[PDB]
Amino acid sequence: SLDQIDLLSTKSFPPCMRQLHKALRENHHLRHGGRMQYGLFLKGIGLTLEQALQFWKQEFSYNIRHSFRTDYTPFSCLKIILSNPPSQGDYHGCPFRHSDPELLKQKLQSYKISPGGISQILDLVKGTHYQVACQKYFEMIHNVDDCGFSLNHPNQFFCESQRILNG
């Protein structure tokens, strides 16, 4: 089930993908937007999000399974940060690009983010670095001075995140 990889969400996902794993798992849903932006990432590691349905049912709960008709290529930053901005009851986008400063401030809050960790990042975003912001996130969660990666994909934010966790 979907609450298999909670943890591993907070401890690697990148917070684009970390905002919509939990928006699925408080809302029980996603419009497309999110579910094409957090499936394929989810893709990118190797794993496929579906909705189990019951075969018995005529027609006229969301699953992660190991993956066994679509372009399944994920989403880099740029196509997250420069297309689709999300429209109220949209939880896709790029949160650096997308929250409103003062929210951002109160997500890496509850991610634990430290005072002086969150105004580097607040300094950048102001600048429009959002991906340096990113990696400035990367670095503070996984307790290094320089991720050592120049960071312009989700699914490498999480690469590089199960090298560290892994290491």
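For the two forms, the rigid core is made up of the largest set of C-alpha atoms that agree within 1.5 Å on superposition. Numbering follows the first chain given and starts at 1. Compared with the form deposited in another entry:
- Rigid core superposed between the two forms, residues 102, 123, 50, 26 considered: the one with a C-alpha shift of 2 Å or more is 50.
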Contents of the next structure:
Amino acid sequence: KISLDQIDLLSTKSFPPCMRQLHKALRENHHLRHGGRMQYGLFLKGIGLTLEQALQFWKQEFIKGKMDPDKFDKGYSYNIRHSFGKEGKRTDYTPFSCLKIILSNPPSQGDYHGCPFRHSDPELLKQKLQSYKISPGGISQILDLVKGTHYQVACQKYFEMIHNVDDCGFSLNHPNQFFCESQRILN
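Here we have the form deposited in one PDB entry; I need the corresponding form deposited in another entry.
Below you will find a single chain and nothing else.
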């Protein structure tokens, strides 16, 4: 039901901070390192894209990287299809959970994957939070949680703020959950 020329907006309204960053990095650089391609690609599949849309979405953005639209089909296409279970063993991989994103494959320079509340240093997180136009009160309420290592809670706090609600009404532990609960309120 979801369409491609609708993602840029969705990233702002319903994507949790991690996926939002990942999308922005993708649009600005026209590319993403492995870690991000994994985290974001499966998220996109979790929200609804089909294999046709995924290949389109990724190809389109990588051509802007000015690379051979063939060098794309060469490497990148097979792996996208394998994500959707259409190659090898044929496993329709479930998208990543929070605990996994937070406790594993920590990001390095050049990477945008991971959990902002956990991998972005307090000072850079605050700037992001401010860029998302989050009230200095909640931003302060989030940083606290972060300092207490309650990353998922800090994210729920971010959810409640961009949605103008008192209680998100669910315990967060998976990015696509954050998306669904958001779409519930907006759509």
